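Q: Residue-level listing of the chains:
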Amino acid sequence: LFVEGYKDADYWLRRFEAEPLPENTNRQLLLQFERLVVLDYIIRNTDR
Amino acid sequence: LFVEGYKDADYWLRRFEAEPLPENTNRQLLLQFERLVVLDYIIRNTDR
Amino acid sequence: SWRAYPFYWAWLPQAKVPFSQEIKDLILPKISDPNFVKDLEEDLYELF
Ligand SMILES: Nc1ncnc2c1ncn2[C@@H]1O[C@H](COP(=O)(O)OP(=O)(O)O)[C@@H](O)[C@H]1O
Ligand SMILES: Nc1ncnc2c1ncn2[C@@H]1O[C@H](COP(=O)(O)OP(=O)(O)O)[C@@H](O)[C@H]1O
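Residue numbers (the authors' numbering), protein chains in the order written: chain A, 262 to 309; chain B, 262 to 309; chain C, 358 to 405.
Honestly, the hints are just simulated from the structure, not real lab data.
The beta carbon of each residue, even a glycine, is placed where N, CA and C say it ideally should be.
If a hint is listed, it holds; no wrong ones were tucked in.
Partner residues are not named here, just some residues of chain C that face chain B (Cβ under 8 Å, in silico):
| no. | residue |
| --- | --- |
| 1 | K373 |
| 2 | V374 |
| 3 | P375 |
| 4 | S377 |
Once the Cα atoms are required to be at most 27 Å apart in a straight line, the calculated DSS-like pairs of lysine-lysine come out as:
| no. | chain 1 | residue 1 | chain 2 | residue 2 |
| --- | --- | --- | --- | --- |
| 5 | C | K373 | C | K387 |
| 6 | C | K381 | C | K395 |
| 7 | A | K268 | C | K373 |
| 8 | C | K373 | B | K268 |
To give an idea of the interface, some chain B residues facing chain C are shown, with a C-beta separation under 8 Å as derived from the structure:
| no. | residue |
| --- | --- |
| 9 | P281 |
| 10 | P283 |
| 11 | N285 |
Same shape as in the complex, but just chain A:
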């Protein structure tokens, strides 16, 4: 399935270094980031 209006992770990451996120959004981002860690770790992605 196709998903709309996403960007390269590090496009935003670089921007968040420059202009940080409000903390509530940042917490949200981390919640999501953790789900990526779990996924990549279990399947042991060789290419992330």
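Since chain A is already given, all that's left is putting chains B and C with the ligands on it; use the hints.
A: Structure of chains B and C with the ligands alone, referenced to chain A:
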């Protein structure tokens, strides 16, 4: 009023530099920090 | 070699944050349950 079990803010902030905090606690720190900022700015503290 | 296929997100500052309670609650019941893990291998086998 004397408050019990605090340390110099920098003692912790540098410890939160090695160990970062869990995000929920960190959100709490920031919430408190914002209140510090508001207070010191309105009274234009000279010595913080 | 352990250097060969890194998880690139491990270098991000976000990767320094202890896991939240949210992820522990979503994942631990599942992956610490031998039945769940066995269902997973089953589902995967079925696909592969
Ligand atoms: N489901 C999707 N929704 C939106 N964009 C996608 C989706 N899948 C892939 N893309 C975009 O299209 C490009 C090609 O997709 P993919 O083949 O998955 O990556 P790669 O080019 O690294 O093999 C990617 O750079 C990605 O940004
Ligand atoms: N309300 C308070 N509760 C607990 N500890 C305090 C409180 N106020 C000051 N302290 C501690 O005692 C010391 C008091 O010094 P401070 O309040 O900076 O005034 P001064 O520098 O004039 O002595 C500080 O080092 C601080 O760690």
